[PDB]
Amino acid sequence: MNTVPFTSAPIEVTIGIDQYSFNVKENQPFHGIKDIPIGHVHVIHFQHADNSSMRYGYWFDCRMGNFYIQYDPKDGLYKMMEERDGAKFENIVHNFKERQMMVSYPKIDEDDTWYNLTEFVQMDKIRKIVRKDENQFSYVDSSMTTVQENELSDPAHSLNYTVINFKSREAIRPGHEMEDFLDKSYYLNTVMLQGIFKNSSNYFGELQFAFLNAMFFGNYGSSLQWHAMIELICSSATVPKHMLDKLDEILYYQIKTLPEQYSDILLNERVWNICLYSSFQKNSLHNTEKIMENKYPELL
Amino acid sequence: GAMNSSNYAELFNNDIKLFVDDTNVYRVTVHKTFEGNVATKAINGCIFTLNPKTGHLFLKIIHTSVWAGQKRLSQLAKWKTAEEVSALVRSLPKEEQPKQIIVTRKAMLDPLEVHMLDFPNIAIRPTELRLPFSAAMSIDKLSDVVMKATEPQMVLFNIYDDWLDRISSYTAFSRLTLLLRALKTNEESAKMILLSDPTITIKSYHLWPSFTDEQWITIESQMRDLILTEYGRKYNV
Ligand SMILES: CCC[C@H]1C(=N)N(C)C(=O)N(C)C1=O
Ligand SMILES: CCC[C@H]1C(=N)N(C)C(=O)N(C)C1=O
Ligand SMILES: CCC[C@H]1C(=N)N(C)C(=O)N(C)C1=O
Numbered sequence: 001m002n003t004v005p006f007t008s009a010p011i012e013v014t015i016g017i018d019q020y021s022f023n024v025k026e027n028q029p030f031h032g033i034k035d036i037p038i039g040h041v042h043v044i045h046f047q048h049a050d051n052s053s054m055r056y057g058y059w060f061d062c063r064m065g066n067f068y069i070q071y072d073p074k075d076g077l078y079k080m081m082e083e084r085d086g087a088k089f090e091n092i093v094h095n096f097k098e099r100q101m102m103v104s105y106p107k108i109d110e111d112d113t114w115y116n117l118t119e120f121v122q123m124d125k126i127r128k129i130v131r132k133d134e135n136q137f138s139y140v141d142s143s144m145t146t147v148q149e150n151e152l153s154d155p156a157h158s159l160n161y162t163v164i165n166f167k168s169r170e171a172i173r174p175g176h177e178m179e180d181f182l183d184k185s186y187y188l189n190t191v192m193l194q195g196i197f198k199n200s201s202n203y204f205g206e207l208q209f210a211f212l213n214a215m216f217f218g219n220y221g222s223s224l225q226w227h228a229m230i231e232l233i234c235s236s237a238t239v240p241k242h243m244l245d246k247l248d249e250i251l252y253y254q255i256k257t258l259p260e261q262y263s264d265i266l267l268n269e270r271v272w273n274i275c276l277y278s279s280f281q282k283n284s285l286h287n288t289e290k291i292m293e294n295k296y297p298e299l300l
Numbered sequence: 001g002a003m004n005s006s007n008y009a010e011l012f013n014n015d016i017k018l019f020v021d022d023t024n025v026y027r028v029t030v031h032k033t034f035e036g037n038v039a040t041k042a043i044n045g046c047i048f049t050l051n052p053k054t055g056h057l058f059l060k061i062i063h064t065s066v067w068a069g070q071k072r073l074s075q076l077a078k079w080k081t082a083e084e085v086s087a088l089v090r091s092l093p094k095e096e097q098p099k100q101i102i103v104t105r106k107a108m109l110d111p112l113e114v115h116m117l118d119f120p121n122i123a124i125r126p127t128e129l130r131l132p133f134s135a136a137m138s139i140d141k142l143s144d145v146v147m148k149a150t151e152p153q154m155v156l157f158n159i160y161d162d163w164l165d166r167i168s169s170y171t172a173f174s175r176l177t178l179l180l181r182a183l184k185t186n187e188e189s190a191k192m193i194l195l196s197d198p199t200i201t202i203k204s205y206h207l208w209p210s211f212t213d214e215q216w217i218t219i220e221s222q223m224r225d226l227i228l229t230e231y232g233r234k235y236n237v
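Each protein sequence line maps, in turn, to chains U and L. FYI, my numbering numbers position 35 of the first sequence as 35, with every residue one higher than the one before it. FYI, my numbering numbers position 65 of the second sequence as 65, with every residue one higher than the one before it.
Do not rely on the hints blindly, as some may be mistaken.
Said to hold, decoys possible - Straight-line Cα separation of at most 16 Å, EDC-like style, residue types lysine to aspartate or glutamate; simulated pairs:
#1 U:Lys167 - L:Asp110
#2 L:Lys71 - U:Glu179
#3 U:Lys167 - L:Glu113
In case anyone wonders, no lab produced these hints; they're calculated from the structure.
Work out the full structure: start from the sequences and follow the hints.
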């Protein structure tokens, strides 16, 4: 169980850690989060009380280094940093645990929600989507645009998700225009799976990361990416059985965790109605269709 | 974006453009079978691709053999249309290729866009105009060539005959759409109007009669009468 110490909390802020969150008041004696499960990526995220927009945060994996958060009063945000002096880190984490200044990561033992949301998500792939190679953790916020959004403005601050475009030469083979547009199996299985992602695990990892970026920060481009990767599978007549079964589980847990209050800006009516009721896979997502019909019947 | 009454003069500027109408591509007769069920029998169709500035009509005849062994023919017809229009563009020299293609039905947008991905600089546009190009098979010489075809064929016509010698393309297009609207409303009345005078003939190389300017004004007035008389009987107005 690992720890993310905080120098202090000088400004009032709601702090999230994965799917949990808590309010910290201005100058409250808060010095971080302990008991963070090892074996998963994690995200620690922030909304200031005074900022209507700009939820931001950091994706990290405690196996890759020792990380602490400290407020920067010049740039006005909570910054993640990497500590190279392991003795200094061990010293601080223990003084804080002794004075009981840290919140405990509050995982219920029955509860596989975070695993189920991050099963295929790996830090090495996050760092290829979010390019900032001098750090082992990755910053994301609500305003960051995707490489495809920049094609339709700062490249250093972009989300380099895999571009998916159903009306593109990559997706459409000469002489198979109708075939490939109405049945996207070629684009899914040859171009994307075999060609770019190499396997379905890497595909699902990007899908899961896009959803989490979209839900946690309200990142529009991530929301678009999540839906595109779902639609590409559902619009393919030929998909491995194991991929469809895994997709149904992935989406079930995303919809289960989805904040009901933000469901209208997180779920695209057209995509979900097509995927569940028109597409080739309309009968392959039993778990997802049941939770959607019982939790968001309006959308459908 | 979409083409409507506000940007109507754009059709007659000097940017090459084509209208594409697919309403006569897939044509059937519906009939009873010996068992008393219903079946369809396809008949030859055509793609109506028209340059509204010059009058040049690229009539691609769709022979019934193209449907043999195929499923979902109304869907295939849209993609076959887009395939043939794409093939036409590729066959033209670069300086003759259109800068925009306007489809008369929105269901043609995705099929044509996909077939024209190689041509990112050609705009594919819908329109809000209700254009009467479905009535093209009421022009006897066009119907004749489509029904006689035994194989796929492209035939080139000028749908304005020699009108542009005397009138602008705006006026020619207006005359054409008035004639087609009339034929679509009451084909028999419309054709009776066009031919009632035996001394006005259709030249071998033309589609319409050789009316003088004064005679076209009379003809156009009579077509307007025929359309707004029927609008009133139909809507009790
Ligand atoms: C020595 C001052 C920086 C500092 C700190 N305040 N905290 C909370 C921490 O965890 N580390 C590792 C640190 O380096
Ligand atoms: C797409 C919704 C993002 C978002 C948000 N905008 N707010 C204000 C919030 O409290 N949470 C918890 C969120 O997840
Ligand atoms: C999670 C995305 C929420 C969101 C958003 N933040 N923006 C900027 C947007 O234009 N739309 C349409 C949205 O749905």
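Hint check results:
| no. | hint | in the structure |
| --- | --- | --- |
| 1 | U:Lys167 - L:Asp110 | 9 Å, holds |
| 2 | L:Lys71 - U:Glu179 | 13 Å, holds |
| 3 | U:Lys167 - L:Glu113 | 8 Å, holds |
Comparing the model with each numbered hint stated earlier shows that all of them hold.
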